[PDB]
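There are 6 protein chains.
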Amino acid sequence: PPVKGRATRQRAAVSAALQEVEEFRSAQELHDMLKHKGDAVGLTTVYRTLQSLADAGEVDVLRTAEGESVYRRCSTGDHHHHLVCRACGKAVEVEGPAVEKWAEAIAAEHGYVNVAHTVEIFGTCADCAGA
Amino acid sequence: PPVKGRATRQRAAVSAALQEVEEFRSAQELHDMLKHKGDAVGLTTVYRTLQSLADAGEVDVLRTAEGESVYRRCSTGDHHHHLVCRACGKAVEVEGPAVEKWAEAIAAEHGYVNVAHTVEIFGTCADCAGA
Amino acid sequence: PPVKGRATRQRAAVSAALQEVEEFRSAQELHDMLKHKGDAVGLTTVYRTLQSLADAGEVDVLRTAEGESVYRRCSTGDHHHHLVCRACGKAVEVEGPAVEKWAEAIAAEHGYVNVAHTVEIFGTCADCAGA
Amino acid sequence: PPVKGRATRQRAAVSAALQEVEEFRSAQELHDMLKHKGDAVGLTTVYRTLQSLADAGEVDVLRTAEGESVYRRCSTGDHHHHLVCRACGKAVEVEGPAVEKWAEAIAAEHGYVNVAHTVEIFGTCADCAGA
Amino acid sequence: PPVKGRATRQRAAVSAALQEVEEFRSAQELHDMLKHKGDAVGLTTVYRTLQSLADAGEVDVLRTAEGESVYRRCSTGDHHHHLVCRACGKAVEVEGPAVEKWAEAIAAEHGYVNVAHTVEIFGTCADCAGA
Amino acid sequence: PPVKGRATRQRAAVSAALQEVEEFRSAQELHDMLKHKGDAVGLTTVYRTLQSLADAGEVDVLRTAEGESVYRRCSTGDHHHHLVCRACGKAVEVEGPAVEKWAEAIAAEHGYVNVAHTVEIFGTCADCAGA
DNA sequence: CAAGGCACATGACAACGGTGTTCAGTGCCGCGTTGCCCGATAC
DNA sequence: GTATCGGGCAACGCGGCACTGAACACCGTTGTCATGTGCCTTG
Ligand SMILES: [Zn+2]
Ligand SMILES: [Zn+2]
Ligand SMILES: [Zn+2]
Ligand SMILES: [Zn+2]
Ligand SMILES: [Zn+2]
Ligand SMILES: [Zn+2]
Ligand SMILES: [Zn+2]
Ligand SMILES: [Zn+2]
Ligand SMILES: [Zn+2]
Ligand SMILES: [Zn+2]
Ligand SMILES: [Zn+2]
Ligand SMILES: [Zn+2]
Ligand SMILES: [Zn+2]
Ligand SMILES: [Zn+2]
Ligand SMILES: [Zn+2]
Ligand SMILES: [Zn+2]
Ligand SMILES: [Zn+2]
Ligand SMILES: [Zn+2]
Numbered sequence: 006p007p008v009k010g011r012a013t014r015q016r017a018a019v020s021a022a023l024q025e026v027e028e029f030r031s032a033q034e035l036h037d038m039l040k041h042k043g044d045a046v047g048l049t050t051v052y053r054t055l056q057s058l059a060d061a062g063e064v065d066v067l068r069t070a071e072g073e074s075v076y077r078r079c080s081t082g083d084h085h086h087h088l089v090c091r092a093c094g095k096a097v098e099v100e101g102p103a104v105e106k107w108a109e110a111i112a113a114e115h116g117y118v119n120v121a122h123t124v125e126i127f128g129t130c131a132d133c134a135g136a
Numbered sequence: 006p007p008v009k010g011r012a013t014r015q016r017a018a019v020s021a022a023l024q025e026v027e028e029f030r031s032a033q034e035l036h037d038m039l040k041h042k043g044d045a046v047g048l049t050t051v052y053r054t055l056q057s058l059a060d061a062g063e064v065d066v067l068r069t070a071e072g073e074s075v076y077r078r079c080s081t082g083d084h085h086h087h088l089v090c091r092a093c094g095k096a097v098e099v100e101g102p103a104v105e106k107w108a109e110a111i112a113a114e115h116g117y118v119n120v121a122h123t124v125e126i127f128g129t130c131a132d133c134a135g136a
Numbered sequence: 006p007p008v009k010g011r012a013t014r015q016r017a018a019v020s021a022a023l024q025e026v027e028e029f030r031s032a033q034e035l036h037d038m039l040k041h042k043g044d045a046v047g048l049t050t051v052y053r054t055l056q057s058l059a060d061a062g063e064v065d066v067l068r069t070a071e072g073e074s075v076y077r078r079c080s081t082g083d084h085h086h087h088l089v090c091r092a093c094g095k096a097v098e099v100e101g102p103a104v105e106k107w108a109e110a111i112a113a114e115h116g117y118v119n120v121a122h123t124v125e126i127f128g129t130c131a132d133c134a135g136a
Numbered sequence: 006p007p008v009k010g011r012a013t014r015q016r017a018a019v020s021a022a023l024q025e026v027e028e029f030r031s032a033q034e035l036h037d038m039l040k041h042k043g044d045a046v047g048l049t050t051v052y053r054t055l056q057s058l059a060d061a062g063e064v065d066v067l068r069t070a071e072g073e074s075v076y077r078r079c080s081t082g083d084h085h086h087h088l089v090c091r092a093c094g095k096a097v098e099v100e101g102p103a104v105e106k107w108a109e110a111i112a113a114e115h116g117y118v119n120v121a122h123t124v125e126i127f128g129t130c131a132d133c134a135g136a
Numbered sequence: 006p007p008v009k010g011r012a013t014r015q016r017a018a019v020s021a022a023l024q025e026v027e028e029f030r031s032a033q034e035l036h037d038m039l040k041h042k043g044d045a046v047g048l049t050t051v052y053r054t055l056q057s058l059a060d061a062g063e064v065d066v067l068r069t070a071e072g073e074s075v076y077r078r079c080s081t082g083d084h085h086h087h088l089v090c091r092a093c094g095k096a097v098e099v100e101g102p103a104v105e106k107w108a109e110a111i112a113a114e115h116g117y118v119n120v121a122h123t124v125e126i127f128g129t130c131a132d133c134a135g136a
Numbered sequence: 006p007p008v009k010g011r012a013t014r015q016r017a018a019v020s021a022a023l024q025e026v027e028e029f030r031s032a033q034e035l036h037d038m039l040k041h042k043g044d045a046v047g048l049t050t051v052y053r054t055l056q057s058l059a060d061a062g063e064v065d066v067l068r069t070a071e072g073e074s075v076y077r078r079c080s081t082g083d084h085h086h087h088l089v090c091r092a093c094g095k096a097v098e099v100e101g102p103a104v105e106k107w108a109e110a111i112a113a114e115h116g117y118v119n120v121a122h123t124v125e126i127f128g129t130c131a132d133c134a135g136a
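Residue numbers (the authors' numbering), protein chains in the order written: chain G, 6 to 136; chain H, 6 to 136; chain M, 6 to 136; chain N, 6 to 136; chain K, 6 to 136; chain L, 6 to 136.
Bear in mind the hints are in silico, worked out from the structure with no lab data behind them. Every residue, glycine too, gets a C-beta built ideally from N, C-alpha and C. Do not rely on the hints blindly, as some may be mistaken.
Covered stretches of chain M (chain N as the covering partner; in silico rule of three or more C-beta atoms under 8 angstroms from a C-beta of chain N) [claimed, not checked]:
1. 98-106
2. 117-125
3. 128-136
Whole structure, please, built from the sequences with the hints as guidance.
In structure tokens form, the structure reads like this:
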């Protein structure tokens, strides 16, 4: 995840930390794992780099029911939606043409110019149910 | 509009206020409008009664980009998704079995036990462009 | 270290954490320890509670070489000075009237009204020197 | 105050500015003084030249209450401690064998190998009261 | 001059300072002027707010021969060009349709998709010669 | 390309290197190209030669957005303004009496004594879109 | 004597990291008060 | 004796004041990258 600013070791460390992890992790916990791993970057830098990466579109952002935001470096750059587990944080990418066609169908039948669809699916894993 | 607690004029007034207004209103602006009406109900009471109504399912909730939660009552008790306009706030009840089938198919494919879908689409209103 | 305002759990947790340890620690290290202990207190509130305690005189504030302010709940409530080991963080309680008398002597000789001595003896332990 | 680097007019100007004034002044205020005097030297160069002098020992570094580090050129070459008035900024150098004796006694008693002591006393001078 | 961020006294002060001045001023010169006016905002926030205002398009950015950029608020919102006096910093709004027409003519004859025109005339102030 | 200094093969090689090239290159890139050719000329001498040529008037300079100044030998000695591409960088000499006449007209009607104007326009190259 | 040419230095802008404001929502003890039930009492 | 009604009393309600916490804004200090001196050497 390259950052559009001038190359520096804090950006490199944050990008590598996103690369290693594949789960939706908040800014605070991401800073916590950076702190305990040894890179030792600040928290406002984590905010700033994550926000810039989200603006550039390198990582996808999700809003949890609590009110915080969580980040993750998706494997595919194509537009997709996510299946997430609150108990584990695991996310898998899913794409469906049917929901897209429904979206523009509804937009056309209401006559709106352009629309933005936010579809998030939340579920519990079968392994999580097992104890 | 029955509530879990004992009926009172304050909760009756807030239920009526939700009845007339058909737009997403946050708790603060709802309280301001109610005070403008003249009932002068406490803000914390409005907060807790809105939370109770949302829990009971009579009122649907939506988390905006800023973070404040907006509340209004939907005429149809059946499950549906709401279309919203930022420039107007108009809300229309839209339902489609296709997204339900897509979500349940993904849940069956990935072995998740039970899932909940939160599908919200944001678009630009038709008359907003006209000026 | 009771707080002037209403007692609450987010402040009782901070007080308990301060009473638990003896080393100097900043608000952000203390916040991490509080979080990983299982209390989940916000950082701004940790900062505010430490500021209030230091204003009331319950805790002793100190600035490291780098300039970040650290705190500690000391056993003795009387006038005292601290011996610190930056490699280990243990603080030793030492008090001397000679430096006080020197302070009044210098103030009287140079005619100053009031005096505030900031005396701090940094050091390295014999055990620390051993490898 | 010779500077470790090659002789240049930027170093000469910063050294002359340090020599002219007798009050503890920060790097940001020293730069403004130089800018008004006609030097036209950049701020980063002032920062790094003051650091070079500080590690060279030719200047005495100090920290203000709010965290900014201030500097002053003291003519006395022997070890000494400073008495500074916050309202005026005027500083008078003082020295007392009592603090050295106490530091040596504490180091001997508690077994610390080597120590470093910081002793600064803050007070208001006579002219502050006069008005 | 509102800023895209939350309203604060630092942004208010920098906006008022830009409103008062009629000549081009850099970031460091404006910071010095605003420091001597007594508002005392930092230089970093001056940089950030000026870049935010330039991005919003409220102020005009001009690069001098030395390479530094100078900002000034222009009352006329319509696109125009500037005539400046490097001896004073004065600016007078000026516009010409012939240059713009030549711009699309040259772009079309060489088939460039879109173009941007940077025309800046540097002149000697009328009263500068008089002495 | 005569040089104000004594003729030597450093200046000869620099003049030749500017001779074959037709694209705008900064001094560091020109030095890298010359080193690749194997002449092994110092970078400070490269600067000195380029500023000497610019003062003499053989070459023309424009300043990039980042701040780098690029030198190029224009075939036409007459005063003209250059169109350059963001990526391709090809330069075409375009001149128009209209902009000049505008410049002296404004200088006269505002009474400016003498004016030094710079005209440079940026645009997206024709074949850049084609891929 | 002057140009060549290193090593090290410079200065406007970008980037960093400990602390501090915002502003929508939560916690708690002071009250009122609905609601029931027994006491009195009219019949 | 049977009867409705009033009042005591509890167990819930309201509700203003102080507190909270994730996100955004801050000021002093350090870093990046293209260009500029001090000083030694050779034509
Ligand atoms: Zn994604
Ligand atoms: Zn799971
Ligand atoms: Zn989609
Ligand atoms: Zn609904
Ligand atoms: Zn649905
Ligand atoms: Zn609309
Ligand atoms: Zn203590
Ligand atoms: Zn003492
Ligand atoms: Zn130790
Ligand atoms: Zn001194
Ligand atoms: Zn001493
Ligand atoms: Zn004084
Ligand atoms: Zn303008
Ligand atoms: Zn124009
Ligand atoms: Zn002028
Ligand atoms: Zn040319
Ligand atoms: Zn021209
Ligand atoms: Zn091109």
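**Asked** If you check each hint against the structure, which ones fail?
**Response** Checked against the structure, no hint fails, so every one of them is satisfied.
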